[PDB]
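K.L.:
Chain by chain, the residues:
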Amino acid sequence: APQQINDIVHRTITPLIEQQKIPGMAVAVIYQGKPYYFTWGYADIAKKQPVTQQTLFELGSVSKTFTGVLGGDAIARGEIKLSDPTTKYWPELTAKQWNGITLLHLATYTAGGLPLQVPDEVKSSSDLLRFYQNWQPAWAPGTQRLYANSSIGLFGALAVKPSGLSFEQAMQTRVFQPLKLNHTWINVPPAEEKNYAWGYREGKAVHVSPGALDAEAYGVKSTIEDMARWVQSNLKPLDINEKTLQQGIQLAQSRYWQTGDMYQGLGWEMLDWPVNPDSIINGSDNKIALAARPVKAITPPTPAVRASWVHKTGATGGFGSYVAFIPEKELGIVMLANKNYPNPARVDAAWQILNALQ
Amino acid sequence: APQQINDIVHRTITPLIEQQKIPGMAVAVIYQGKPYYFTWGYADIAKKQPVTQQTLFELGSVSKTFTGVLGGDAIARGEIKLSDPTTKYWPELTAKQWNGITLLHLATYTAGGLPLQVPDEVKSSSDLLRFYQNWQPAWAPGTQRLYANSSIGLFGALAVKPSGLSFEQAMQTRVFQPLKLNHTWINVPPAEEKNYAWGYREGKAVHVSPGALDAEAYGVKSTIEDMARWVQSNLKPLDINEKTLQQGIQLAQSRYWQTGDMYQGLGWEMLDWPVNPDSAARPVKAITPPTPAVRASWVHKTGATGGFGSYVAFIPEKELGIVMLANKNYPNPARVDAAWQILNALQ
Ligand SMILES: *[B]([O])([O])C1=[C]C2=C([C]=[C]C([C]N([C]=O)[C]=O)=[C]2)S1
Ligand SMILES: *[B]([O])([O])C1=[C]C2=C([C]=[C]C([C]N([C]=O)[C]=O)=[C]2)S1
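Protein chains in written order, with the deposited numbering: chain A, 4 to 361; chain B, 4 to 282, 294 to 361.
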């Protein structure tokens, strides 16, 4: 790699691993559109299996960016509209509180207080209907953003209905394959299991457990090479050959809501570039990231702005991930670790790197 | 031309010309993405000059589609946002009625009752300022559509301000040139004058007269070949090399408002295809958020000047479209009926 990149990465990430006690880490820096890779430590501590470019990490909520792009792809195909009522795609969801709640609201956490998590007792589709039928809004739709798996997870599930495909088959077929993400999985198949890293929580080896709407909200596992291609594709969607996917990516980076200096896309979140680092860093702390915030409607949505910092944090019990890129600079980073360490440490490190390189 | 295209076009347009007494006409059918041209009658009755593939016609309000695309291109460039207040790009617009009137409302005729025409007495930029300051809205923004040159025209003027180019300069360099529309003009140059058809109103040869915001609302003159290429560009924006222009086209075909069967885009108006050939202040329903360009639509615009009548319709899903240009302003329903006869037969 260029020495500038080797220098800043080693000075920033290597001490981060020390400080946070991360067992294993992979990083990709996209620079002038080209990926550069860095690896540390172990995917499996007991078996002393090192992190490689073939190591699968759990993405956690970085999966929401795949869901937002799949959803945008179904819009470009004319299969769904974000202006459509939720109940048009789930006819059994008839309770009156759902009435003005659209696909847009579900995709952007603005339905009016759907909870962060689907309760773990909710297992069957029957359980799920009852949950949603019984849910009472804390706010009117399109007034507050409350980051929620039960919001975007439902969006994902309903977005694929017109196509008749299961969520996983739509995702493999319409997103993973055209982009040649050949090692990215919702369900890791047998042949890939020796590459699937352990996550570590309080020194125990953990994998993410099943849960309602997991695939849709936090269920993607991927490699650093595939993640770098993910960033490449989102950096320049016009280079993508599949027309609906190309439009899908730009739809997921449109700005539908503003809260402070932050804009909500579909999965992706954006700020104008140049950004105030304190904002992104402190903003990624769960005290702020998980709190209700008032939103201003952007009427109509601003299309993908090139001068943007586009980003997303992800975590499962054993993993912590981060993706950020600036389309105007052809610059990005991906950070995959098999320990869930604080979000502000991730963003701070990513900012130090991308700021040094822009 | 395939005999099928040849037969439907001539069976339809011949009676049209005779019934409406149209002096000259040009038509382009776009079929499976390829253009076929047809010409009839006179560009200039007194000089016995025929309509050719190089004759320039006034487009009238079909110019609004160019204005909507150029505004869409300015959005894609990050120069403007449709969500921005009008007063952001015209600070001197301090009158309080302008509060929540955005560029969206201007583009889509939903500002609250801006008039069809800018008064003929408005003949300077401070004249124009006073006009908009003194304008009293009948309705809240985003609630009724009233088709208006003073509405879309203003949008076109504001959309180009960040660039610093005049409206004509920006249209040329950002829309005409990239699409190779080398015989499309806001102002017809002396080199092209011999191709500029006369319009005919009650038997008198007329050209469009000067007026405030003419360029932005009704000022484009074009040939059937450039108009065909305009349709090809709108049928498949993704084939366009210029990134912001490609996005600008798609933004212009997005659905922002609904009234009855019709959706309002930027300049373009759309209905779901297939469409009954058969589908004014009108209340609008906001489409929140706007639906991105729908392939399965009938996308269209009528245009008129004192002496010209034009129509463009296309269906992206079918790779199908038509342009009809005439140097007589004749009833819109006659245009649409002929266009539908032609396109229904070919789909
Ligand atoms: B994301 O921001 O990385 C998230 C992924 C999850 C969140 C909350 C809950 C769960 C799953 N779960 C129980 O519901 C785990 O115990 C995943 S936020
Ligand atoms: B379009 O639908 O073809 C139109 C072009 C014009 C219309 C109305 C009036 C004028 C001329 N004008 C300026 O606004 C003068 O009153 C052009 S509709």
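Watch out, some of these pointers could steer you wrong.
Stated by the list, open to error - Simulated crosslink set (DSSO-like; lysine-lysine; CA at most 27 Å straight-line):
no., chain 1, residue 1, chain 2, residue 2
1, A, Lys183, B, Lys239
2, B, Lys197, B, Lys207
3, A, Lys246, B, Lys239
Everything labelled a hint here was simulated from the structure, so no lab data went into it.
K.L.:
Each hint should be assessed against the structure and marked as holding or not.
P.N.:
Okay, the hints, checked on the actual structure:
| no. | hint | verdict |
| --- | --- | --- |
| 1 | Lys183/A / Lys239/B | holds (26 Å) |
| 2 | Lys197/B / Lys207/B | holds (18 Å) |
| 3 | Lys246/A / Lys239/B | holds (11 Å) |
When the structure is compared with the earlier hints, no violation turns up for any of them.
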